[PDB]
Structures are given as C-alpha cells and as structure tokens.
Amino acid sequence: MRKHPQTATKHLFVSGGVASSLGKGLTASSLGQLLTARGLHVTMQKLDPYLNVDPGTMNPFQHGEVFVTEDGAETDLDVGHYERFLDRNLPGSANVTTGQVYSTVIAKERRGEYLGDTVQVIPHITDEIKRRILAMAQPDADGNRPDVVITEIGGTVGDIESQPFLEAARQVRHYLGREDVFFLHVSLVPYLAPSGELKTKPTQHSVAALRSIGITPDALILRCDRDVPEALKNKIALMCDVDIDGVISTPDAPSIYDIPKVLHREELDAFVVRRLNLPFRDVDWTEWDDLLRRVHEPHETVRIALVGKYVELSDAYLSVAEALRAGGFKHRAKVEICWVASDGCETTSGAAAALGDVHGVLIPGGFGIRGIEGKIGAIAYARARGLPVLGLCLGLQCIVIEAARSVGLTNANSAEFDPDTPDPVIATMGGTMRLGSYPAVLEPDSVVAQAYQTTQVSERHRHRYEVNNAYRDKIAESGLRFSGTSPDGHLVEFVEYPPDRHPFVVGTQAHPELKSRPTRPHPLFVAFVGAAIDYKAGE
Amino acid sequence: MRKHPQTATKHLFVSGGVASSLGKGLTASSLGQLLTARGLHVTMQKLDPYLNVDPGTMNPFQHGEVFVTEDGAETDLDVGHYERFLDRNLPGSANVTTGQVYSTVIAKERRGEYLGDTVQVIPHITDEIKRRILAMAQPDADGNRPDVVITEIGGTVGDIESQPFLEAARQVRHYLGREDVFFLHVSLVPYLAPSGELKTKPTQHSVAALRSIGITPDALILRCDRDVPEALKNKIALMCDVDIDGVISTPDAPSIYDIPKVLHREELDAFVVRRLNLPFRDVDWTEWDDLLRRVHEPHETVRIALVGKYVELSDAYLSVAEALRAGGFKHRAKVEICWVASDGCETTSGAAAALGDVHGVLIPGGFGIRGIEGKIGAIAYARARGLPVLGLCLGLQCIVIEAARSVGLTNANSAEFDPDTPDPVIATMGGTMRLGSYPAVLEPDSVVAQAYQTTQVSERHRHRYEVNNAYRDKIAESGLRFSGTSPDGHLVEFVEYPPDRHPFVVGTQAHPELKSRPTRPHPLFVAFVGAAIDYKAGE
Amino acid sequence: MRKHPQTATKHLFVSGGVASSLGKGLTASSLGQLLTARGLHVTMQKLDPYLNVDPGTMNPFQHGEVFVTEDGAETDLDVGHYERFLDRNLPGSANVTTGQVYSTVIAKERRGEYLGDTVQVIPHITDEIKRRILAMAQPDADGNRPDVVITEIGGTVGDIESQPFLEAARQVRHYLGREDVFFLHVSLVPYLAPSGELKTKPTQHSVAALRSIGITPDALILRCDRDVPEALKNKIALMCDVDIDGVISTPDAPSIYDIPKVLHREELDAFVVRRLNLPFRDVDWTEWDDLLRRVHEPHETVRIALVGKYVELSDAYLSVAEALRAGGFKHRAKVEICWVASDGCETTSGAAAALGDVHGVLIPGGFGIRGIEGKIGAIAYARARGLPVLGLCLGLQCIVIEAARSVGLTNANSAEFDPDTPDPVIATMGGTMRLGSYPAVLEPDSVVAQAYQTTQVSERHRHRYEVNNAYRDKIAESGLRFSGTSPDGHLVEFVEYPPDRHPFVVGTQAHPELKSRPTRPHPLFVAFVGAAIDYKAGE
Ligand SMILES: O=P(O)(O)Oc1cc[n+]([C@@H]2O[C@H](COP(=O)(O)OP(=O)(O)OP(=O)(O)O)[C@@H](O)[C@H]2O)c(O)n1
Ligand SMILES: O=P(O)(O)Oc1cc[n+]([C@@H]2O[C@H](COP(=O)(O)OP(=O)(O)OP(=O)(O)O)[C@@H](O)[C@H]2O)c(O)n1
Ligand SMILES: O=P(O)(O)Oc1cc[n+]([C@@H]2O[C@H](COP(=O)(O)OP(=O)(O)OP(=O)(O)O)[C@@H](O)[C@H]2O)c(O)n1
Ligand SMILES: Nc1ncnc2c1ncn2[C@@H]1O[C@H](COP(=O)(O)OP(=O)(O)O)[C@@H](O)[C@H]1O
Ligand SMILES: Nc1ncnc2c1ncn2[C@@H]1O[C@H](COP(=O)(O)OP(=O)(O)O)[C@@H](O)[C@H]1O
Ligand SMILES: Nc1ncnc2c1ncn2[C@@H]1O[C@H](COP(=O)(O)OP(=O)(O)O)[C@@H](O)[C@H]1O
Ligand SMILES: [Mg+2]
Ligand SMILES: [Mg+2]
Ligand SMILES: [Mg+2]
Ligand SMILES: [Mg+2]
Ligand SMILES: [Mg+2]
Ligand SMILES: [Mg+2]
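Protein chains in written order, with this note's numbering: chain A, 9 to 547; chain B, 9 to 547; chain C, 9 to 547.
Worth flagging that the hints you see were computed from the coordinates, not collected in a lab. Keep in mind that the hints are not guaranteed to be accurate.
Identical copies carry no separate label here, and so any pair may be met within one copy or between two of them.
Stated by the list, open to error - Straight-line distance between alpha carbons at most 20 Å, and here's what the computed SDA-like set of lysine to any residue pairs gives:
{"id": "1", "residue 1": "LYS116", "residue 2": "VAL129"}
{"id": "2", "residue 1": "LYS269", "residue 2": "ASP292"}
{"id": "3", "residue 1": "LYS338", "residue 2": "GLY376"}
{"id": "4", "residue 1": "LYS317", "residue 2": "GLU381"}
{"id": "5", "residue 1": "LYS269", "residue 2": "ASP290"}
{"id": "6", "residue 1": "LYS544", "residue 2": "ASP508"}
{"id": "7", "residue 1": "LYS243", "residue 2": "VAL129"}
{"id": "8", "residue 1": "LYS209", "residue 2": "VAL129"}
{"id": "9", "residue 1": "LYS544", "residue 2": "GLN461"}
{"id": "10", "residue 1": "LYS269", "residue 2": "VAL127"}
{"id": "11", "residue 1": "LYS544", "residue 2": "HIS339"}
{"id": "12", "residue 1": "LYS342", "residue 2": "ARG528"}
{"id": "13", "residue 1": "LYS342", "residue 2": "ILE264"}
{"id": "14", "residue 1": "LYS138", "residue 2": "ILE168"}
{"id": "15", "residue 1": "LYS269", "residue 2": "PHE288"}
{"id": "16", "residue 1": "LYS269", "residue 2": "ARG289"}
{"id": "17", "residue 1": "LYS269", "residue 2": "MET9"}
{"id": "18", "residue 1": "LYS11", "residue 2": "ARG282"}
{"id": "19", "residue 1": "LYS207", "residue 2": "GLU238"}
{"id": "20", "residue 1": "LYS138", "residue 2": "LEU59"}
{"id": "21", "residue 1": "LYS342", "residue 2": "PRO262"}
{"id": "22", "residue 1": "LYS243", "residue 2": "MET9"}
{"id": "23", "residue 1": "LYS11", "residue 2": "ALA227"}
{"id": "24", "residue 1": "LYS207", "residue 2": "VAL127"}
Throw the hints in and build the complete structure from the sequences for me.
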C-alpha cells in the first residue's frame, strides 16, 4: 500500500568511464524519473571535480551553458537535467565542487578548528565531502526525508581531480555498508568500422581502474551507437565480475525523452530496486506516454533558426533547444532547428541566404560574446522579411539596439560592445549582477501578458547591463513597447512590437528556458512556436 | 559439545607486506596451532611466486634449507613449520608454484583442451590457481573434511610475480563471499633510532597496495622489535579501515614457540573464530605449557658447534637447530649453538681455536657445498679431543672420509669433491637420486639401535652419492661400524664408533630433523645432546 | 584485544519446564559467571509470576528464605544466587512481580494516563513488563552499559501467571530480532526405576507448550540425576527442533559450585557466545579452581548443628548453609551440617541427644517462628557443654533470653513470644522495621572486632524487635557483653561472652550470610568455624 515503514536513505552513485559526454547525467536523471514514478522520494546531487568555485567564470565552449537556481547559486548544466526530469527546484547545495571543498577546509584550518592536527587530503578533505554528501539525507524543511539520493560524480574515473570524491564514495560505502550504497558505472563501447566489431576492452580497462580504488560496480551502462549483441554483454559480465542482469545496453536514442523507456525496457530500475531492497509499485506511464506521443507523432513541422557563436557543433544552447521542443510539444508541432552562425548574417545578403528558408529566428543570451553586428543584422533582415523573433537576454539587447538604429541612433550600441559609442542605449545602471528569480509586472493585454495570461510573473535573470532609461522615449518612436518591467518600473524586463507592426517579435532579459519542463512548457516558447506556425501557415 | 553441524570450509589467506622474512609462515603456523587446539581440523598450504618448478634447484643462500615430503615432493621451508606446529605429514600438493601452474596450463593448451580459446593470464591461469586452492577443501582419503584451510601467499604484496595468486584469492573471496574468506596481513613497523619513533607509513602504503588489487585486510599483524604503543595501533586502525580488534602487536619473541602465546594473549584466534563464525572451545594449554617449561626453565646448558659454509648469519640450518633444541627439551637442557665456519677448521690450530670451548660438533648436510677439507679437519680434531659428533648426510660422508684417511687412504675422497681421487671411497652407486622416506635395518644393540630402541626405522633421504662398497672391509679397520643399512644391506645408512673408541660419534645419510617435532623429539638428537651433556659433566 | 566496538545489549531469557526447583536460577547464575569470566559485563534480573508485591509476607515453607538489597528492597531467593556468583550488589529493580506490574498499571489508569483507551492485558500489561525488561539495558550511573542481560522467568511454562511475562519475552524477541535474543529452556528428565529408563516425554511436552505461545528454545538444559545418554540427546534434538549442540546434560552435581565447570565442559557458554555473536576471550579459571580446591580437597572436617523449625527437609536456610561452607573454605575445612529440629531440644535430655555429637551450634533467624523454648534450650545445653554457638537474629534474641534466665529473670521473654511476660527483655523499641544495610560500631578488641578486625561495620538487617535498654545492666551480670552497637549506641547489634567464660558464643541481629560470597568469606563465619575447629581439636 502507499504507506510503508521507515528505512534508511539509500545512496546511488553514478560514475563515468572512457570519456565524458556519455550521457551520465541524463542516465542519472532518467533513473531518478523511474524511481519517482515507482513512488520513491528521489533527490539528486552532482560533484564537480574542477576547482572553479562555480562555473560562472567558465566559457560555454568548455561544458555548455550555465544554470541558475532559485536560491541564486550558479551551477553546472546537469542540474538542469535534474530539474527537467524530476520537475523540481533544487538548492544550490545540489552542486559541490573541489573549489568549494578546498576553500572551506583551508578556511577552517586558518581558524584553528582542527586543533593543531596536520590537515591532509585524507581524512579532512574526504570528510568534508562525505559530510556534504550525507547532508542530502537530512530531512528537508518540511520533514520529507529522501528515500534515495542519486549522486553524479563528474569527470572520468582516473582523472587526478576525481580522486577525493571517489575516496569519499568508498568511505560512504564502508560506513553505510552494501545494503545502502549502489554504484552505477557508465562506459563507452566503440564501433570500429574497418573491422566491423564492437570493442569491450575500453570498458574492461575502465572497470579495472575503478576496482583499483576500491569500488566494485553493481551495474554497467554500455553506451553505444547500436544495440550491443548478447554475446558481448556476456563477455563483459564475465570479465568484469558483474551480474549479467547488470549489463544494460543503452544505444543512442533519437530523443533524450526516450531514455526512461530504454532503461525500463532493460529493467534497470527493477534491478536497482531489488538490489537496494526498496519498496515499490509499478510505473504509471500515463504522463510520459502522452509526452512521447507529442514527441514522436506531431501533426506538423516548423523550422527555427538558432543564431549564435557557439553554434559550431556544440551543446551550448541545450536548455534553449529543449524549451523550443517543449513549446512544439504544447502545440504538437515538430520544431526543426537550423543552426546558423551569427557572422554569416552580418551582411544583408548573407543573412538572407542563411535565414530565408526558416520560419522563425531565436537570439539566445551569452557571455564573452562578440560580433553582435551579425545578430542585429539578422534582426533587421527578419523584421523586414516578417519572420518571428524571440530574443533572450542578449537577444533583447540586440532588439533594443536595432530599434535604436531604427529611429536615429545609428551609432548606438551597448557600452559592453562599443565603450566609445555616442549613444549607449544599453548601459550599466560593473554594476549589480542580477542573478536568480525576480518578480516583474507586465502591461495588461501585452503580447507577453497574452502569453502568460497574467499581469505578474517571476523569471530567472543573469546579466548586469540594462536598457538605458535615458532612451525610452526616443526608442519608443520605433514602435517598441516596454511591455514588462520590474515592480517599481525602474528596469525594463520585456520588449515587443504591437501585433500590427509585426505579428510576433519579443525579447526578454530573463532565461525562461530555465523554468520550462517538457511536461510543463513555458508560455513564451509556446507563443513563439505558435507564431512560427502561423507564419508557416500564412506564408 | 564435541559434535557440531556441518559448515562450509573456511579459507584464511595470509599475505605479507614491506618485506619477506617477517615471520608470515610462523604466524600462519601458530594460528593453525591455536585453531587446532580449539578443535578445528586445520589444513595448510603455501603458494610460491617463483618460477622454479621446485626449490631443489635453488641454493640455500636464497631462502634457506629445502624440505621433503612423504610422497617425495621437494618443497619450501615453510612446509616444515606447518609440520612442526601441526604435527602432521603433508602432501606434495601443499606447495604450489608459478612454475607448476604455467607448465600445466601450457601443456593443457598444447593438447587443445581450451577448444581454441585465447589462453590468458585471466581467466585460465587464475582458474588453475583457484582450482588448486579449492582442491584442498575436498574430503581427504578417509573422508575428513578440513574446517579451515590456511593458505600462505609467499613473496610481498606488489611483487610482479604475486599478481596471479592475489587475483585468484580475490576471485575466491568473490565466489565464496566474505563469510567464508578471511584475509590476514603481516606488515613491518620499523624503529628509527635517531628520532626514537615507530613509523606506520610503510604499513599504510602496504595496505593501500593491497587495496589497489581488490583485497581488504580483516586483521593486521604488526611485526616489530618492541611492543607497539596503543596510540599507534589506533592510528593504524583509523588510516587502514581495520577494526581496532584486528591490529595485533607481534614483537620479536625470544623463541618461536612463544608465538602461540603472543597471538592468544592478543586474542587473534578469538577474532578469527568470531569473524568466520566457527564453532569453538577453549584452548587446552596443557601440552604447550609443558613444552614452554622445557624451553624457558631448563636445568642445565650445553654448547654445540654448527659447522658449515652457510653459517655466515643465515637460517640455512633452521630444521637442524630446531631438532637440536628439541633434543635439549627432551633432557630439559638448554643447547647453545656456536656458529663455526668450516674454513677456519681446515688447520688443526684453527680447528682447536674454533671448537675448543664447545661440548659437541654437528656436521649437517648440504648441496653445492665445497671445502669439506675443513669439515673433515673438524672431525679429526673433535675425535682427538673427545667431543661428540653428529653427521647428517655430508656429515656421514666426511666421517667416512676421515676413517678412510685413518687406515691408509690418505688421498681418499668423494668423487664429488675430487673426481681424480685414487680412492673414491664415496662414489655414485649421476645415479639414482634417493628422495623421501626409505626403510632401513639397524645392527642390534648398536648405538643407533640403543637410541631408537628398535631394529627397524624409516628416514627421509636426499642424496645421490653413497659409500663405495669396495672399501667397507678396508675402512672397518678404523673401528667404524656400518651399524645401519638398507633392508637388503646394499646401502650404508648409518655409521658409528663403538662407545669405548669414542663415547658417541655417529653419522647418518638421512635428515632426521625433518621427522622431529618440538613435542616429539627425534631419538638421534636426544642421544647426541645426551652425549654432549655427558661430556660436559665428565670433562 | 580487551577493547571492542560497541554492540547492542543482548537479552538472554531463562525459562523452566515440567517443574520448579530445577536449578533454573543456579543455571542462570552459572552462565552469568562464565560470561563474566569471558570478559562481558553481565547483568541479571528475575520476573516472579506471583502476585505478592514482595516476598516479605510469605512463609519460608513456600520458596525458602527471603533476601534483602542495599537500597533496602526485599526480593526473591534467586537474587542471592546472582550476588553470590557475580559478586555484585543488585538494585531493587532486579525483581519484578505481577503484583508490582498490576498495581502500577491500575494506578496509571486511575490517573487517566492511557488517554481513554480500554486498559487490557495486551498491550498495556505486557508493555509495562517489556519496559521493565528493557530498562535493564540502560547505561548505569557510571555509563557502563551491560553487554548481556540474563532474565530468569520464574515458575513453569503453562502456569496461568506466567502468560504475561512470556508474551513480553515474545514481544522483545520481535522488537530486537533473533540476533539479540536467546532462549534457554531448563527441563527435567525423570528416571523410572521399575523399567530402568530415562523418559524424554516431559521435555517434549514442555517444549511443545513453549512453542504453543510462540517461543522456540535455542538450547535445552536437561536436568537429571545421572548423565544423559547420547542417544537420548539425539532423540530430543530431533523431536524438539533444537540444534544438537544445544542439548546440554546437567546432572546433579555434588556441590553447586561445580555447575560452572559442568556448563563449560558441555560448552554451553561457547554455544551462547557464538549464537549471540558476542566478542569473547578464554575463561581464566585461576580463582574458581582455587575455590574448587577448597571445596573438594579440604584438610579436615567439622560437624555443625543447624537448629530450626523449617529444617524438616527444606532449603529455608540456604544462605546460612552456604556461608557456613564458605567459612569452612577459608580454613580449608569441610563443614558437615546436621539438621536438628528445634523442638527436640526443648528438654535437656532431648537437647543432649540431638547436639552431643556436633562441634558447634547455629541458631538462624526466621519469621512466623514459634517454640523458641527449644532454641533457648539448645543454647543452654551448648553453653553447659562448651560447644561454640553463633546466633543470627533470633539467635541473638535467644542468647539474650538465655542470659536473662541466667541472672534472675526466669519468666523473661520477648513481647512477641509472651505478650504477658513480666520481664520483656526483648521489646518493640509494631515499631519501625529496620530493613537493609545499617552502620554499627564495635567494641575495640571484642571477639566481634577480632573477627572483623575493625571498629566499624555495616550489615543487612531485617527485624523489628530490639533488646530492651532497661535490662542491659541486669543481664550484663550474666557476663554477656554488648560488644557492638549503633553509632549512637542506642541499639544493640552484637553480643558475646568473654573468651574465658566461653571460647566463642556470639549473636547478631543482622544477616551476615547475605554479604558473604564463596570467594570472599565473611569474617564472623570464618571466626565461628575456626572456633569450632579449635573445639574439635581440643575436645
Ligand atoms: O560532463 P560532466 O557531467 O561529467 O562534468 C564534468 C566534466 C569534466 N570535468 C573535469 O574537467 C576536466 C577536463 O574535462 P574533459 O572531459 O573535457 O577532459 P579533456 O581534456 O577536455 O578531453 P576531451 O576532448 O574528451 O574533452 C577534467 O579534470 C574533468 O575531471 C568536471 O569537473 N566535470
Ligand atoms: O619467504 P617466503 O615465505 O615469503 O617465500 C618466498 C619469498 C620470496 N619469493 C619470491 O622470490 C623473489 C625475491 O624474493 P626476495 O624477498 O628475497 O626479494 P629480494 O630481491 O631478494 O630483496 P631482499 O633483500 O629483501 O631479500 C620475489 O619474486 C619473491 O616474490 C617467493 O616466491 N617465495
Ligand atoms: O506403553 P503403553 O502401554 O502406554 O503403549 C503405548 C506407548 C506409546 N504409544 C505411542 O508411541 C509414540 C511414542 O511413544 P513414547 O511414549 O515412547 O514417546 P517417546 O518418543 O519414545 O519418548 P520417551 O520414550 O523417552 O518417553 C507415541 O505416539 C505414543 O502415543 C503407543 O501407541 N502405545
Ligand atoms: N542515451 C542518449 N541517447 C542520445 N543522446 C544522448 C544520450 N545521453 C546523452 N545524450 C546527449 O549527449 C549529451 C551528453 O549528456 P550529458 O548529460 O551531458 O552527460 P555528462 O554529465 O557526462 O556530461 C547530452 O547533450 C545529451 O543530450
Ligand atoms: N614473531 C617472531 N619472533 C621471533 N622470531 C621470529 C618471529 N617470526 C619469525 N621469526 C623468525 O624469523 C624467520 C622468518 O620467519 P619465516 O617463517 O621464514 O617467514 P616467511 O615465510 O615470510 O619467510 C624465521 O627463521 C623465524 O624463526
Ligand atoms: N545442577 C544442580 N546440582 C545440584 N544441586 C542443585 C542444582 N541446581 C540447583 N540445585 C539446588 O536445587 C535448589 C533449586 O535450585 P533453584 O536455583 O532455586 O531453581 P529455581 O529458581 O527454579 O527455584 C537450589 O537450592 C540449588 O541449591
Ligand atoms: Mg558534461
Ligand atoms: Mg572537454
Ligand atoms: Mg621466507
Ligand atoms: Mg631475498
Ligand atoms: Mg525456587
Ligand atoms: Mg511449590
């Protein structure tokens, strides 16, 4: 029955081998999904081996886009998968880093809190990490105690930087015993085309590397481009001393939302539940079956251009692409994304050549970005052509600069992008970096208000430049409306053209893609995809 | 009660760290002693990492003396400790080697028994080793099934040659689970005189090396020259993730027979019994208490010279020294051994300077030996001085050569030591190497028969040269009696002088020290020590 | 080693079948002694099914003598065995009774503490009993937490009164699980002389009765008059579903102090330790071997008369008889007890016929007693004959009455025994019943002080009549000395004659037999037995 006796909090560690980008985080999120559907209170955590105290200092070419929490911490991309699959808001405590651990221990040492002992990597650093892991088990603010804690160990087994985290995980297995701690290992099975064979040796070497630090995997996730033969799974199970139930073939699925089905079909969740002795019930597939219908059987299709610098074959825009697809799901339309380089759109002819075939354009935000002349050029072309545009953060800034160049302000720019501009229509109000959720008020019956169907909203922000209030009355002559603001009205939060000027061209300073979920699409992307559909139908 | 239900055969693996010669084999033998006294049927086994198919090819400077079994196998020194402490005769199967394992697997490959598979170090070699380990568990020829199998892994953790044996032990722990397999780890705690501190770092590194291959020790034997402080044991337990019950301080005992008392006092046997869940009863200390009384509280003392080449600070004569001490124990006399170089006895003045203070001389056997001129010189001096002499193998050969040089045969020698001798009184009957137990018949009322108190005996042999039957009648004029022979009389097995010629001077081709036990002293050494006592008392 | 990790407190329940007086309490005490010698902190408890709130109201024909604790509670006889074998002082909480439990629950009900529930035998009464059982596990006043709690369930399985206690034991086994709770069942194997066969059927029916309430015994103690054959143990093990290791033959030992040896020889303690998974070490038999030497190999012998009413084949004087034998042990003399009826000593000829062969006389205390004319007659005869006398409680009262009748007070008596006496030399100071330990001061160099070798003592008291202070100066003319008193001198605590009047005639109001232990004999009994030995030697 729905009510069960109390049991200790189970720890499930996910680790990676051979390489990064194996979908380790997505596999952990999908397992969290399945365990949630079986009725368990899953909570999740990530451990980042890098020394950056937070990824805000990084460049999106390193590990993709940054993410932001409601308590305002700045965290790795994987916390976004955790949100999108658990449909939850996670604390900043959900992302530990070596930078934070070392800073904490060094500070504690300077204060003498170790009573004159020699501070060492073992026990003190591993103790801090073990403390940070077991803190997840404590009852939440409302007393709800997690049934399973899924911890993802970033990096690769054998990286020098992972050594303290894996030692902490080993000590947790020692303290709590095997009945509470489960190790899931994700590994790569490469295909060599010239000889037409899958090779298990990389997996064997990775499992041996893991054993060399005192960890025995309970299951293996064999990432591959094609379904692994049964003979190879038997060979791997034999060589790696893993139960043949625990070798899980995980081929590249057409979309990330099929992964829960793949793992359920292989009975990974059943294996984990049996091994950890958790109480369970069957998965109610109703919701996710509807989602997968919206994914695989859409009624129509639409093409959207994604314009950026990182677009050169990188997942720097993962949240934006997923929010776009969720918007398509709300309308049961397939959204096809055309990855367009910003710099090909600097010339009007180049912009026409790039964009002429699409049904909409998206200008996402970024940091360390350059060359926004191409972005604004794409805006100018799209407005003339009638394509819908959604601008996120920098997209709104480029929209405002386009409007500035529409009314007389030809040399106008951001102080970020031309410090010598005579018309800094975008300027520092380095100023206060706005981070996290803030409330905003919307113009009644604005296109933004028509989308949200409310006058009050809250959105996650990450930026420090703002619209210069000195130019509102000048740029309003473009027809642009400051249709959403901070509650005091001091800060512009949304801009749009009236529908009769262009059917839909909207920008927002915030990152709404960080509040979207596939089963709860965000209003603005529903609106943007609807406008793109209307363009395609009317064109 | 004495009768208990059936349980699976428990495996206890003993491994070493830091260095060899830590007393790993003696600790295993003492634990076998304690578990036997608690009523369990202990059996024992050794795994030798070296590639020699058997140590017969080695030189006693490498690892000490060789040992011989009743089925006639030639084995490491440690099987001698197993015999002396369990008072048992062990099969040749009790000593596995890498040489045997590789030869077996290669032979099986040549015969195609692996059906075309690639032969690998894993699984095939480790499977052969695991098979050889689990074969010890099978019921004996009488159906007696061992309760515990104690396996000693020779070498050091981290030697390249030990890698297959430790992997086999790990696989045994995997197959049988933790409730059946127990790992005991012996390690060194060095004392640094300049700073006056015991150092635990070598132990930490050894335990880490052991963990790096997938073995977690259940207990630590801390070998030291002085009793380890409690703070250091706590530090070791904390750093090594070992139960504080499992850190066992094992300081250098004055004699090897005190080790069972040291281990019992530390409750190692209790810890092992609890952890393996074995049925037990208290140790009946009656017998071993009597032995230790004979050891520590003797009524008198006697000095015996041990003459050899390996005597330069090496345990090449361990069995001989222990048989001497057992002979002393039968008479409750302390036997003090003066280690005398053979080459200082070549000159009569040098022999007098070396031996003049002793009460008896022992000439042990050997192989690859040279310089027996000094040995025979010691015999000549001792006979003139009246000291008792016992000659083992080569000791008998030197006695016979001395007698040859006593009757006319001044240039007589062994064909081994002067191939050009005109009088090869010792000669090949390379001839048949006699190995193991053979029966012999003794002259009635011979000194040998007076010692054994029987006319028939069996002794372990290891030699290929024999007394040349052509010279019996010539050398008998020395007064020497061929007082023991093979049953057909063809081979001389013992020689002695009549008591009125010298009170006791006896030699035997066999190695009686391989049938002695501390609680069952061998007749000949009882006789030899009694003669030395008589000399000391009469002198 | 001596220091082990923490483990949960183990509960061991001792229950009885077929009949009472099977030595269930003595077996529990012996097991406690063994577990203490193996190094465990044993604590003990008894549950009495009878409704009497304490045994003070009972008659010594029911269950033998009453016992007293230092906090002054009045408890069953078995607490005396627990003291004598553990050599400890136990709280009054060590004796629960149905009277106390029902009174407690009824009182709580009247105060509404059950919040309107229907009060039932299950849960509420069994909950109170389980609470009182688990309270023994709590850390003591110094933080020492017991390792094993041994609980004796009084009565017999299948008595109506035992049903709540056995249900509480079943609930304890449910709560703590089988790894913590062990059931020891004591049962009788009768011998039928006409057919010469031991019968196991009573044991089978008792074990079946026990199983019918949900308890499966882990071991059986087969009480018998002769050693049980092995075939019967096999039959019992098979029929009763008890491990053949757990059927323990426990024949009637010549003295109660052999029982630890019997249980150890049968390996009951080993079985319990293995089954509960307790950490242990071997029993150090030094002390108890010395005790058993004093028991079985005395140098001499002496006969002592025990004069009382309950002497008609009853154990109403167990503590006194054991204290006598402990006194004998201090001197290495065998003490033989001649059980003498008081009423045969009323006439001087009858007293002579009863006592003439003994070497000393003991007058023990009692309650509900009558006919003290015979007791005083034995005192008068013994004093004339010169036999030494020790008088306990009523013995002191009779001594004082004898002295009263020695000086002029022929009609003197206690107000208890002649309410109309004209000379109540013993009188209520019903008055305050003095119970438990009280301090006393002794005359310097008194015979009592010569025994105790001190001027200050404390003794356990149970009485309400006292020496009437009005008669001290009158009765002192007998020669009697009030050689010990309360610190204020108000109360007489010891009386004696000077050695030249009689070599030893002493009485005390207290029960020194309740402070004696077999390994710590009490001064007064050592003195009394020494005086009896001196009489025997001089007579
Ligand atoms: O992705 P997550 O979820 O595991 O989060 C991750 C991924 C990676 N890392 C660390 O960054 C460094 C380089 O990583 P990196 O894999 O990219 O190696 P590289 O030199 O760049 O070779 P390659 O061409 O294969 O990229 C390594 O020290 C990693 O331990 C962290 O801390 N968290
Ligand atoms: O004694 P056991 O019972 O363990 O039986 C033993 C002892 C040693 N071994 C092997 O012989 C080689 C050298 O041994 P070795 O310790 O002597 O090293 P080394 O180079 O000589 O340095 P060191 O000066 O310290 O002697 C090593 O490969 C060992 O694995 C074996 O097979 N059985
Ligand atoms: O003798 P009768 O005249 O009454 O005739 C008897 C005696 C006994 N029985 C039955 O045989 C079984 C074992 O009997 P049994 O008493 O011997 O028990 P057990 O297991 O052997 O224990 P143990 O012998 O030690 O007491 C029982 O089922 C009895 O009901 C019968 O049918 N007739
Ligand atoms: N099983 C899969 N099938 C198809 N695509 C996938 C799968 N797993 C992951 N991906 C994609 O590959 C990328 C790597 O996944 P990711 O979550 O980042 O793992 P990691 O934490 O190691 O970096 C993601 O962008 C994800 O969308
Ligand atoms: N605990 C000890 N105390 C004193 N002497 C010892 C002790 N242990 C071993 N020895 C001696 O040191 C030598 C090494 O012991 P050994 O049995 O050969 O161990 P290993 O198998 O590693 O070679 C032996 O000759 C033994 O007599
Ligand atoms: N195993 C025994 N051998 C000899 N005498 C015994 C034995 N056990 C008990 N007794 C004696 O029998 C009497 C009854 O034993 P007891 O401890 O009181 O059991 P219970 O608690 O049921 O009353 C005791 O006085 C004791 O001295
Ligand atoms: Mg990644
Ligand atoms: Mg990288
Ligand atoms: Mg060695
Ligand atoms: Mg060496
Ligand atoms: Mg009783
Ligand atoms: Mg009764």
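### Message
Check the structure against each numbered hint from earlier and tell me which ones fail, lowest number first.
### Response
Checked against the structure, the hints that fail are numbers 3, 9 and 10, while the rest are satisfied.
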